[PDB]
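For this depiction, one protein chain was excluded, whereas all remaining protein chains were kept in their positions.
Read from first to last, the chains carry the letters A, B, C, D and E; within each, the first residue is number 1.
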Amino acid sequence: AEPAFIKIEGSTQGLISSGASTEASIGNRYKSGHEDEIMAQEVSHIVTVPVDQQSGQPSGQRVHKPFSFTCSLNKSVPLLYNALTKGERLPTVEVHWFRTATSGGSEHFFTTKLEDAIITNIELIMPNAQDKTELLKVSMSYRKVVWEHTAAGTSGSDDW
Amino acid sequence: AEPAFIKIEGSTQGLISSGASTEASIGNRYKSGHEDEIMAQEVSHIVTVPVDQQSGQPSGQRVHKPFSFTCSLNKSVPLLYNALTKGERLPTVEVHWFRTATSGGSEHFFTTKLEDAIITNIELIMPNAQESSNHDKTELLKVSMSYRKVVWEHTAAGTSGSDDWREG
Amino acid sequence: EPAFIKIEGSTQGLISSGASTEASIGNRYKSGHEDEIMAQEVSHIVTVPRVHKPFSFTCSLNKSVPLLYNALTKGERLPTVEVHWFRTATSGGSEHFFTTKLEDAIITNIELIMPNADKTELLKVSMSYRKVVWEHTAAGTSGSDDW
Amino acid sequence: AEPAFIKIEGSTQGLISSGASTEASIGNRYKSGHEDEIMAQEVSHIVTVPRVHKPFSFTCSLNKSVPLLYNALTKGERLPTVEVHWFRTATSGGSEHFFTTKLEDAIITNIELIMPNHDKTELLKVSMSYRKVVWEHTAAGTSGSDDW
Amino acid sequence: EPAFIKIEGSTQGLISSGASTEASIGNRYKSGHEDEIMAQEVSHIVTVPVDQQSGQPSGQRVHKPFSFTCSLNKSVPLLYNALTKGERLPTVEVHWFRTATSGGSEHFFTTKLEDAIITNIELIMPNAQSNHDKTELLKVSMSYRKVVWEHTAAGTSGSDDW
Partner (left out) sequence: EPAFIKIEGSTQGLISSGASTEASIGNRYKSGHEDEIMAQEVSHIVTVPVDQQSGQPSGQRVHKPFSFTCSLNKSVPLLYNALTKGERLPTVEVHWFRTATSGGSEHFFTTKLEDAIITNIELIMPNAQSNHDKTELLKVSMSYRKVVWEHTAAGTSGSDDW
């Protein structure tokens, strides 16, 4: 699995992801290239339609569930706690997905964009220290999401 | 090897699986042959008959449960979200199952067809880089759907079956 | 080792016909039990607070599967479903040593799972029945009960 | 871990465990010595207070007593004695019998059969209530008991 | 590095007597602690009732059972007797061990219970599949009237009643 990279813009704190993937921020895990992006080691997101469970037809509108990414303790974490606790809305959250390319390197092939996100949950876990880093799960609702397969040219979107 | 390939046609978006298994869509995992089919790494489906008591035998209408497949982030995924969000009815979903053949190659031996499918759930999960435990693995997209009719076909050996998922 | 299941249905006849032939299961073909389903798992519970619980076996996508769905969805009762259990014997081969048969079985659940995002897809078949008999064929002991 | 051997006597079917651990019954896992006892690969048992005894259970394979065990379960046959002999590695090379658990007029309450597919040999969990249990550390002299 | 526990009840005399001898355990015989139960596991919780939203402090300390896990040793029938008869155990004393400078084991911590009562005995024997060193396990859970914690090597006591 290749890591994804997330650029976060805040209404109060500006470029929250600024310097997130630098040596000062993440250490020997430094990634040359995405200095102003958080490196996401996990992502999860669900979208659902309630169903009757008997006829199989929907029993209500679609429901968006929070978008989540997991990172380590990087330079953005104190800023993310500020946003969570102060209710700061983020006008843009943009995740860039990567895969192994022909040349051998990673290529950006997919994009997920959230508009006016709000952080609803931050979960920190340090696995037992006796190659892994502490984990920080950031969950977010939003007002609109757009999906883009950049390499093949397909996009879609929806409001919350 | 043993992934399945799924052709999806939508009543609004046409051939949703178009080009899903091409190099631009999935990269090094592109499979020449199934260009207009989604590559599915997992599949799950349940059909059940109520028993309802210590009585112990069938007691009510059978219930079909949603059919689901899991794929990676391919060219159709934005289209699939469009289908989920707009309630787009999918007139045909066709699953082709594969196994190792006599000669050593992959063989198509089973087919599952859905008629008037509707996507009810899309769950995206990316496992983490856990020091070569998830080297082979990729982000996964579990797509679930209900339908109005299913056909089961063992193409290699001749046997077929079918059933309707009644509305009421 | 796998178990082998002969299934006879009151509407579709020998449901197990050709289940374990190369055309049905591929390189997993077993050239002994052509007309039996090869079961990779089996589970069954009988309990008192007697209540029998459904008998279950798990197979892959073999040629009887479309017929098993027909039985389930149509409520076809199966007059006999017979399990033959095997073990490796003294010399070197597998020997049949146990049989469980069900009488007037009914399929109540079919759960299909494809794994591994080097094994095979799995299909769990669960069944009620009206009578079950057990018989350690190798040792002479038998038992039976009604539902 | 070494397996245990259980001698089960039933009020209707007699020595249920008779020949349970012989060549014809369990195959290459045949170990001569406990021919008239079932070879148990697992055991679990709980007693708790808010006394409450919970069922004693053992796990075996498809052996010659299993069809008889289903008869006991299905008819409610009271089994006047159930005796488990526990074994451990000794100073020398063989296993030594060091513990015994004895139940009086047990009743089988549950039989759960499971067969897995990197594994070996299907498992059958037999659970039973009882009217009295005796615990005995054979090697050291201490005993205990209680009624249900 | 297992713990070693001494148990006395008001009716049965030294319940842990000879618990860790060959006659009691066998090839796992470990000299020295002959009259103590060798515990392979221990678990214990103490808690304060919460009130999550507008949080911190909805109640009075709650003690939960102290439990240890051993094998089938000579004290087990004695423990079942204690469980079944409701025998009050005036003292249960746990000695914790760690790697020392010398190469041997050093006793550095003690947990004491006063008027303990056995609340649960769960016996589980894992499948012979391999597990060349696994053995039967016995989880014994105890209530008590007072617990004392002592870091013997460094000092520092603490205690509380249930």
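Following the convention adopted for this analysis, contacts are C-beta pairs under 8 Å (C-beta built on N, C-alpha and C of every residue); 3 or more make two chains touch, one makes a residue touch a chain.
J.: Considering the full assembly, with which of the depicted chains is the omitted chain in contact?
T.: Contacts of the unshown chain, counting the full complex: A, E.
J.: Need a quick check: the contact residues on chain A for the chain that isn't drawn.
T.: Touch with the absent chain occurs at residues 19, 22, 24-25, 27-28, 60-61, 63, 66, 73-82, 84-85, 87, 118-130, 133-134, 141.
J.: Over the whole complex, note the residues of chain E touching the chain we left out.
T.: 1-3, 40-48, 50, 52-57, 61, 69, 96, 98-101, 106, 108-109, 133-134, 137, 149-151, 153-158, 160
Throughout what follows, only the chains that are shown with their structure count from here on.
J.: Between chain C and chain E, tell me the centre distance in angstrom, where each centre is the average of that chain's C-alpha atoms.
T.: Between these chains, centre-to-centre, one finds 48 Å.
J.: Based only on mean CA positions, could you tell me how far chain A sits from chain B in angstrom?
T.: Here chain A and chain B have centroids separated by 27 Å.
J.: Please tell me the distance, in whole Å, between the geometric centres of chain B and chain E computed from their C-alpha atoms.
T.: 53
J.: Can you list the residues of chain D that touch 2 or more other chains?
T.: Within chain D, no residue contacts more than one other chain.
J.: Work through the pairs of chains, note which ones touch, and then classify the graph as line, ring, star, complete or other.
T.: Its topology is that of a line.
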